[PDB]
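Presented below, as structure tokens, is a lone chain in the form deposited in one PDB entry.
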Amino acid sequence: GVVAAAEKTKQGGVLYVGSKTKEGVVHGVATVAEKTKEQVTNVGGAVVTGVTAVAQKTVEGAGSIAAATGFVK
């Protein structure tokens, strides 16, 4: 039983980023592999992957990830 559950129940500044760059090489979430069996990537949140990466008020509610990998059994 691989169960994920999420509930969100609502009974309802300045951010300056000045970037000046030359030759920007960016890798974010990388999985490099040879001779694998499983390559699982779950993103319940945020992956902000700029050369200028700004993430404001981003992952702000009720996230659930349930990963079951392998299980030769």
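Residues that one form lacks are left out of the comparison. Throughout, rigid core stands for the largest set of C-alpha atoms superposing within 1.5 Å between the two forms. Numbering follows the first chain given and starts at 1. Compared with the form deposited in another entry:
- Once you line up the core between the two forms, the Cα of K37 ends up 2 Å or more from where it was.
- Once both forms are fitted on their rigid core, the CA atom of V51 lies less than 2 Å apart between the two forms.
- Once the rigid core is overlaid between the two forms, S64 counts among the residues whose Cα shifts by 2 Å or more.
- 32 to 44, 59 to 73 are the runs of at least 3 consecutive shared residues whose C-alphas each shift by 2 Å or more between the two forms once the core is superposed.
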The other form holds:
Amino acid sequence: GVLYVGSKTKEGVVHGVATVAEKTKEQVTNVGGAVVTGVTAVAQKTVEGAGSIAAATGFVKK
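What would the structure be for the form deposited in another entry, rather than the form deposited in one PDB entry?
Shown below: the chain alone.
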């Protein structure tokens, strides 16, 4: 297969992931896995052959 990506960008501004929290008690922030950010972002064949990407989070409060 052939994958061609072509961009001609002028004055491009990108914000990938933003998180804001205020006046809380507990804070659990998890940003992971396969996060691709850019002006020209390409993500091909992220998982191949019985792969795994968890990006999980546990929370037990006793």
